[PDB]
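Could you build the full structure based on these sequences and the hints that come with them?
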Amino acid sequence: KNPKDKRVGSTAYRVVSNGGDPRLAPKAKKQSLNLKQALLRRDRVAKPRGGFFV
Amino acid sequence: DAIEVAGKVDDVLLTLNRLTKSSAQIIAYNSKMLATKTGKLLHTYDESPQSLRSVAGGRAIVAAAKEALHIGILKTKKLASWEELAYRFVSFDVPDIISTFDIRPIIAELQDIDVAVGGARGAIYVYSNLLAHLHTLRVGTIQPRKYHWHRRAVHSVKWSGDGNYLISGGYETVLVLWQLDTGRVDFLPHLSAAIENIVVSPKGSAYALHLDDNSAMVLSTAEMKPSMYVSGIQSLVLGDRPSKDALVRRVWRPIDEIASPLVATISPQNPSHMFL
Amino acid sequence: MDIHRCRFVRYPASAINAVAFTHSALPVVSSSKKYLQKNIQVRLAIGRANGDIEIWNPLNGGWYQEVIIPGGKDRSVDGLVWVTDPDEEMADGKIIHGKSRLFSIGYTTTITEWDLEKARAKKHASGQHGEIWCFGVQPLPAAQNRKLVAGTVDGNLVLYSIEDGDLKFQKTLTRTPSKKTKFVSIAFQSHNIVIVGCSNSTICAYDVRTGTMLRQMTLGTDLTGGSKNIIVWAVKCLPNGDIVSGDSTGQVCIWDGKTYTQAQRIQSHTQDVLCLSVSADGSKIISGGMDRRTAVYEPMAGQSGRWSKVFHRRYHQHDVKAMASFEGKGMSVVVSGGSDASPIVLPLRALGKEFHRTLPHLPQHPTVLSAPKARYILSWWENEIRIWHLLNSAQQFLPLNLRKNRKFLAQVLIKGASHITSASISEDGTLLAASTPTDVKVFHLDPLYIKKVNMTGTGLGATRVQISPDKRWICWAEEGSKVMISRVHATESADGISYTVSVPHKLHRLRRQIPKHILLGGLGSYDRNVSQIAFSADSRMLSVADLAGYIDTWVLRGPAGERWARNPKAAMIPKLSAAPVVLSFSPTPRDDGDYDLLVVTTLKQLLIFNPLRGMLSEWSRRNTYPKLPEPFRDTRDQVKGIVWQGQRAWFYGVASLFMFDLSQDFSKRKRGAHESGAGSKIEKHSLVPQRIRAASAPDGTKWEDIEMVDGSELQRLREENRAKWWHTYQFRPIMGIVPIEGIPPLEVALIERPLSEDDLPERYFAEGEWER
Amino acid sequence: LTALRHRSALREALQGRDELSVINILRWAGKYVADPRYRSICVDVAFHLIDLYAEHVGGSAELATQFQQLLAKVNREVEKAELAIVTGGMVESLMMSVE
Amino acid sequence: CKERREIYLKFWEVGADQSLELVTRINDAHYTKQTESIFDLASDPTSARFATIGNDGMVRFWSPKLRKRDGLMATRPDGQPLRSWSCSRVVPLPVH
Amino acid sequence: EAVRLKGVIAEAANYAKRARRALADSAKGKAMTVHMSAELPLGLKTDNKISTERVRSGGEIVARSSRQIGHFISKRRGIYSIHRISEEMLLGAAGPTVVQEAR
RNA sequence: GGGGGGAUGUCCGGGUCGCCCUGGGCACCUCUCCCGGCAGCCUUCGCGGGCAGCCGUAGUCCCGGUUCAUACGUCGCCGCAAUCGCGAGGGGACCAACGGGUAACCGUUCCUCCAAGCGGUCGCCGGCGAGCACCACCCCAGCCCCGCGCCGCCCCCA
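Chains as they are written, first to last, in UniProt numbering: chain U, 308 to 361; chain E, 193 to 299, 307 to 335, 341 to 480; chain G, 1 to 141, 148 to 404, 410 to 458, 467 to 578, 610 to 717, 733 to 775, 797 to 808, 824 to 843, 855 to 884; chain V, 457 to 555; chain D, 577 to 672; chain S, 828 to 930.
Among the hints, erroneous ones may be present.
Looking from chain G toward chain S, a few residues come up when the C-beta cut is under 8 Å (computed) [unchecked claim]:
#1 2
#2 3
#3 4
#4 400
#5 403
#6 410
#7 417
#8 530
#9 831
DSS-like cross-link-like pairs, simulated, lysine-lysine; straight-line CA separation at most 27 Å [stated by the list, open to error]:
#10 U/308 to G/452
#11 U/343 to G/234
#12 G/234 to E/350
#13 G/234 to G/379
Rather than coming from a laboratory, the hints here were simulated on the basis of the structure.
Each residue gets a CB set at the ideal place from its N, CA and C atoms; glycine is no exception.
Listed below in structure tokens is the structure:
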């Protein structure tokens, strides 16, 4: 990932970074996706997944 | 049917009479044609014919074959003479066995019809624009709407009142009111037995329920307390019509059978009363 | 023939989220202008929650999966729209169909348009806002000023500009007043009039040009479950301008569109609507609801705009997340892709009258490979490549020991975050190669110890890759069209063998002859990317085959003076009728030194080449396409792979299984039928009446059946120059079949992927709508 | 439960169970096999349990205990069933001496 | 199923409005090692007495007494006592 | 104790009968799951052959499809097996020989 | 299933020794008719009867691998009269069973006495309050959840 900033306390020293999304595709906002899934299953609950298992 | 012969309307009778088991023919009669016992053969169709009914005036009739519907448009207008009673008949397979059906007319004329079939499969198909689907070799696509509630056999589907609502009565003891303008279905759920026969009143105000355990109650619509009740002896019956649900080889097959004396007694201190 | 049935591979299915046809309808023509509408490239895109987008040809009911663009981890896709220009007419009246651009999202504040030739992300663009959720392009009424409209989380309608291969954030139209007004659905009533359906139970009709708020439609409380605010999930507009809107109580509203209010409220599903689709003349409405249900709508005839729910069905296994219509060139379908990863095609105009068809959820390329000498079976997905060993025969077992017979051998990881396109292996399995569209990596393996053999010269990354049988030549398809090769040199030392790759040497494909209006129209130079690459059994003749059906071959001129020359007979080698779905050398050598190239194209077109002659084999001269057996000819399964025997070639699509003794020659699904593009006609259970009979002659005797509607000398010479085939359906979901060793006896790995509720994402119910 | 036998459905009610659920139902049925006011229904539903979930007991030992513990109580229930009728004769057979 | 039959005997008081009210269910009116299927019942024309014969071999004579555990009388809210029937007499039957 | 053993052996006998049936159809090639080893599987379940008929809603009966039958066969296939095809099957004469893992 | 045949593969006496056979073991394919169910058509009001019937087993172009479920009428407080239960906590028996430990025994479950308190049901010629509104709208905090930055600790190499 990206290097975290080094603050002197007054200012901040960070490194620019755009070497992540080169020509492939942008990574999603996990938050936004979970929001969508929330809006889908607003209140409702899942059934048991499969069968006889710990 | 009431119909104009020359300028005089009267009652023609319309029967479906077999010639084999597998087929039958409909013959119509005047009073005087009945007196001479001769009739006008209108259509002989050939799949174990179940039923016939008839539209306003006598503009059309319907007959019920097992997979199929036989619809009869009269040919000429105005019925000038008695002999020109010819009906251009077309037939077509309903996707399931026809348990019953009920017509509704579309109007001094009859402009179209929409006729509803109900099937022991647990379905209720409705056909929407029949007269112009069928009046005009080639015709366009037709497709019933499928309205599916019951699991057992629908005993009776009838058009309602206005023609806004489709009511239904089944084995599962529950009278459904299909909304038909939305998708919804609102319904009277607890009857003492199978809903066997319903009819809609002259005005839309009353329903009649022949409850399969040999009774009848008249309802007002949307108040659903029975304003009228008449019951019968409620016993076990060797029924003439065999069944409505025994058409499709159900898991337990219905057999009209009797296996025990009908357990009963008379009451001392009230000899007018029998318990059974 | 020995067969190992293998389920144990856990190939992950993913949720289809997006479905995008290039066009929705074409203006109708007669059969006389079929040549006019012939060259219109019609494709269908589908996007999957692992960021997979894939390009399919409907192929006249063919449904060939052609191209897969993989997206990396934590990357997905949600919306998909093609951008097709109207047809340009040349100076000689020649026609140029629209260059079709294809746009998607990534659940972000970021649009990305996809280049299809280099087969990766053309462009990205990002206006500052929350997360883009729904988008579409302005329809036509200017001619070259057309724009994206995207609705996002926080509210602000953003307007994006696409002119002349550009993709840039033009401006913000407006944002909604409140901060909780989330946007979910978008569709265009007309040129200037956009419809968005939005979180607080509302349907906003905006005029885009000024950017003003023409009218606020509004929906009420969901009185089944709690959570008052209903959510419009999907809106479209009917071609005569009314608006239809599937929602969260599963209703479907008919909004009169002149005054932008309601006229009907239809109850369709139990749980919430998830997608709508419409016929292009405005007559068939398809509703797709989270209760894994599809319902189908036609007007109640007569009084105006009272629509009706003809019927519904439970089609998929999980819910139907998106579906899109298409109607034209004798084809009228709608594709519903859901979470159960199975695109189903539905016959739009033949509905209740024609069977639907489930496609395979599995990729058309078989994605399984093996080293039969090493007896190493393997496959791959996103970033993990898994390898098992079998360690044993079958006849040895000809029960209790099958558990130890199979063996999770290896599972290798790939650095970075790209997703893996293809991979190639040596026959002894010592050598491995991985093709991402950003890099290609070689791997040396030892019965285990691995090492990352390094590649130089690359760094731009490839879709296909093949290791030569002699383990000297590595050929990749980079940027789809640009095939490169390098030599690998095996240096033995006291520790063992190591391998060095040369510089990748580019070899050049042939400049075919194609009209420039064809080069410009449609998708452009899209078809050039090579579908398959096949070494000779001695690695002495290589061949490639692209999406257009062009095949290009190369020979090896030895003297390191080894170098591949163009085959001179490649000019003689012609381009196919359709997409070459399989192409391989026979391992069995010839007698004249030529090779024999087995070719099948997706139209069930079977043939074989003498490439050194640049002409067909004589057995192929004999056997023609109608000479094929009908179980082969009517299967509609896009034939996934071949395996070789001495005189036999066994074929496997997704479902069926075949074998052919190629030494010999040759002596239900109706063929005369003209259908809409999904499957064959109903024979028993349909809502339509199939036989309608009229009757004159009132005694019933006379009837009418009223219909329902809206190389002789070549075979002489081919016999003057002068079976064993078998098929079954009994292995249904086959992902891949690959031979293994230890009319010759052969073992083989059959590998299936049944779809399990354990595999699919989980179900969701409230207390109310519990299924039966 | 007696209604879910009156309508024959006790099969269908039982078949959709998982491990933890099966354990809880098992411990319950074991808890109430003793009281002859409802031993009929206890033993019937135990029959369906054994019929329907005796396959994975090699996989899960914890229920095997409860399976044993099910057996274990019943092992002591035939004895109570016999020890009753042991004295069961005695009480009836005094009754023939009194005349 | 023959093993798992239920056989209830239900004692009813007659409401002169043609209503039926329970007084007493008996769950196993003829018992042997299984519940015994009951053949028939009869009414003493003289007095309130009912009569049962079943699969065990015994005929049971049932009579209405008063629910009275130890002298106090259990009554419905009007004060009317909860009468209850009971097997008054028990006879085995000669078999040949 | 006689009652005890009458019980256990009536169990064993009925299981043995259904097992003989199952091995008969497995030798026939109906490709169910039979037990191999000298020890009783705990669940004495002999996976029955599929009845050619089905119980739809509401209470009606029809024929199974060949197709749905093949679906259930796919279900009954285990995780891993060997399916030896013979030349006679390739000739259309004989049937297959299958060995599934012990599940 | 039976009765039977034609053909597959097999051992034990075997046979000039080969085609296989008889005597014992047999499992299969094929044919046969009697078992069970299904459907049509003619017959008769019905009962029945006739007719030529399929299926009793396995794997598909796609594909029924579907369709399908019971209303409102009004909510809440406490009370009585019958009727049944859970038990906090305190205790016993150590029976059984399980997992360890040989075993000594431990631990878990099981059984049981007493019980603070506590529920549920049917009937009340019980009462007592309100019936959109547990909603529209805006704002402010809060829980659950989920996204990211910061620390705290702990890492390791240093």
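Results for each hint:
A distance limit of 8 Å between C-beta atoms decides the matter here; for residue 2 of chain G the minimum to chain S is near 6 Å, and the interface restraint holds. The criterion of a C-beta within 8 Å of any C-beta in chain S is met by residue 3 of chain G, whose closest approach is roughly 4 Å, and the hint holds. With its C-beta approaching chain S no nearer than about 6 Å, residue 4 of chain G sits inside the 8 Å limit, and its interface hint holds. Using the Cβ-Cβ criterion of 8 Å, the hint placing residue 400 of chain G at the interface with chain S is satisfied: the shortest such distance is roughly 5 Å.
With its C-beta approaching chain S no nearer than about 6 Å, residue 403 of chain G sits inside the 8 Å limit, and its interface hint holds. Residue-level restraint check for residue 410 of chain G holds (minimum Cβ-Cβ distance to chain S is 5 Å; threshold 8 Å). With a least beta-carbon distance of about 6 Å to chain S, the hint placing residue 417 of chain G at the interface is held under the 8 Å criterion. Interface restraint check: residue 530 of chain G against chain S, minimum CB-CB distance 47 Å, threshold 8 Å, status violated.
Annotation: interface hint on residue 831 of chain G holds; nearest CB of chain S at approximately 6 Å, less than 8 Å. For the suggested pair residue 308 of chain U and residue 452 of chain G, the alpha carbons sit about 22 Å apart, so the restraint of at most 27 Å is met. Note on residue 343 of chain U and residue 234 of chain G: the hinted pairing holds, with a Cα-Cα distance of about 17 Å set against a maximum of 27 Å. At most 27 Å may separate the alpha-carbon atoms for a hinted pair to count; residue 234 of chain G and residue 350 of chain E exceed this at roughly 32 Å.
At most 27 Å may separate the alpha-carbon atoms for a hinted pair to count; residue 234 of chain G and residue 379 of chain G exceed this at roughly 65 Å.
Checked against the numbered hints given earlier, this structure breaks hints 8, 12, 13; the rest are met.
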